[PDB]
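A.B. asks: Chain residues, written in single-letter form:
Number of protein chains: 4
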Amino acid sequence: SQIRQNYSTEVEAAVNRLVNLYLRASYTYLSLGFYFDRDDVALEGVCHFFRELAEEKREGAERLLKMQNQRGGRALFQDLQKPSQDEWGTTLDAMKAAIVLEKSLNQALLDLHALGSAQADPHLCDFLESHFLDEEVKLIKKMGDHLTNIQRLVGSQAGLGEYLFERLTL
Amino acid sequence: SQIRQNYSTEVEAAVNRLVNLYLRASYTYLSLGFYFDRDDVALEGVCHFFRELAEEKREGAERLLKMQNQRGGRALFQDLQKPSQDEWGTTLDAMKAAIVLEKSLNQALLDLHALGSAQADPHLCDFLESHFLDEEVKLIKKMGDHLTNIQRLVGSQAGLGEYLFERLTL
Amino acid sequence: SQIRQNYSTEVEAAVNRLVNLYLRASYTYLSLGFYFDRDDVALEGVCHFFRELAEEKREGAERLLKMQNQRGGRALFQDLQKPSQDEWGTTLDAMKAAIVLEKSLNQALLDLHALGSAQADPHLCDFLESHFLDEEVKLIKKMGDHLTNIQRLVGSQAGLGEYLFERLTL
Amino acid sequence: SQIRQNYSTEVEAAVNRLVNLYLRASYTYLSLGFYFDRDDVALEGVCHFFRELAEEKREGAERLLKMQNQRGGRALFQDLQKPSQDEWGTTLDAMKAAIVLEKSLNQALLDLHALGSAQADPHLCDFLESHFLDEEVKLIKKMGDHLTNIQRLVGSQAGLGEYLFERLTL
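Protein chains in written order, with full-length UniProt numbering: chain Y, 3 to 172; chain B, 3 to 172; chain R, 3 to 172; chain V, 3 to 172.
Chain Y on its own, in the form it takes in the complex:
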């Protein structure tokens, strides 16, 4: 590339892996969203919560693909693996799986930042810090807030607590 400057092949390969993780995450949140749209599940606020996260993960992947082109790297796309479950259980089981997914996206972002620091790439480190690291921490905190509230609700009787969390929080 005629524009590539201080952009190693190891960072370029790791950004392509992170694009695949964000696209896989968006595919999982899509599956989560239409599960809660089922007539025998019927939790509309839970559906809208996961459908918003599917758009955010897809826009995070497009933000990385735009950065890859701005630095002169080449995007390589892989197969998107299907989500790990077909049925997602309750709102508690779904939010638990969503926070495991966000923590693994956060850990992959931290391994890219540590790779960009060892390779001495200050533009990559500022790009992750401006758009990706702070939004992951905020989302993991909000999901942990939801998990604490769901677990204090579904202690007594699960169906009443699951309905009230969807109505009054989401």
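To be clear, the hints were calculated from the coordinates, so they are not data collected in a lab.
One or more hints might be untrue.
Because identical chains share one entry, a pair is satisfied inside a single copy or across any pair of copies.
Claimed, not checked - Result set (DSS-like, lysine-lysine): computed pairs, CA atoms no more than 30 angstroms apart in a straight line:
1) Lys68 x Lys84
2) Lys105 x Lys144
3) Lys144 x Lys68
4) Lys105 x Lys143
5) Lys84 x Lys98
Got chain Y; can you put chains B, R and V on it based on the hints?
C.D. replies: Here is chains B, R and V on its own, set in the frame of chain Y:
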């Protein structure tokens, strides 16, 4: 009729039967609505839910009567049978009876579409597809959503769950 | 399902295959869009053309998933295969690959409509006719218009014609 | 200085060298801009492109001089060397010289960030990341986009392609 073209007597008879089914349905939803307006029942959102459905079924019957006149067919009215119950029980029993009623209206719409396809009536098939088939599927989905939410609520204790569904959903 | 009525397992399986085809198509248009965003390609209007098509294919897949839930069918997601190429050549080669992709989506829509007609599913046939069949025909016509204009431009000298099509048409 | 804290003399000397590079760059873009304003060159959009870059490089140098005063360092000005050419050739030769100039400003910014990291100056590293590193990457990408478009245009016949790039892109 001077305007009748490709409109068989079997379709005309079946449209008159479907007008009677939609008027009977509107009479049932009226009885459902004023049951939940009783002082010893007192579920105002359930009352307003069924009173809106009574207007929709009546406007569906008038839409079929307008189509019968546009095609040159003749409207024949029968006796409207009284609704199957005088008292409708709980919100769960009422929504269960409402989805049985909507599924039988949907099945009668599908038998009219299959009759219009065998008689090769493309205007009748487009009329049912534009105004009747899609609204039945949406209403049956919404009622199934309500039934799933009511049944997850009235598991613990019925009176608290019945009040909360009326307050927070309807 | 408590809401499923006149919705066969063969139509439900074929809708799940069509969701996968529309998601694969959206993945291909994403790869097409960021290829033309490369600094050594640098055709901004071609990039924006394919990025709009990636959103349309994704919204077409979500429209089918919403219909699958409204009819009481169950969404099953598969692996999204990666796009067939990593590099897409010129605007002529890209638009040729885009019209092959749209014609195969159109053919899969026609096989679903013929399956819904043999199974006598008039709601499925109206759903494809209202949202999917007419938009495919319009998009295939617009792509064929672009292919005729690109081929009359890149006859003389390819680079001048490729720049002028991006500037003045897209 | 009474305000100087964690600001080494090596960073202060390197910021003064970077002020001179940004002022030299602004002088080169001024010479580029008024070359394309000549009556025997007469490329008005190319003139306006380089005159905007002359203001951006001058405002980048004033932003560094403001930071030098905020940290308690002392600005030392050197002679501004005249630009390397008097005549700049075509738009292709000018954009090639402009991207060599921007890449050397980018490399000097990366050597200052690596010096601020070895000296453990986190305020200097955030200042370069917020205002300087991201704008250099965006400008180098835009110039590489222009170079790809100019080279695909001036392949056939140079004068027609040079006029069309100025009219339709700049």
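A.B. asks: Please name the hints from earlier in the document that this structure breaks, with their numbers sorted from lowest to highest.
C.D. replies: Hints that this structure does not satisfy do not exist here, as all of them hold.
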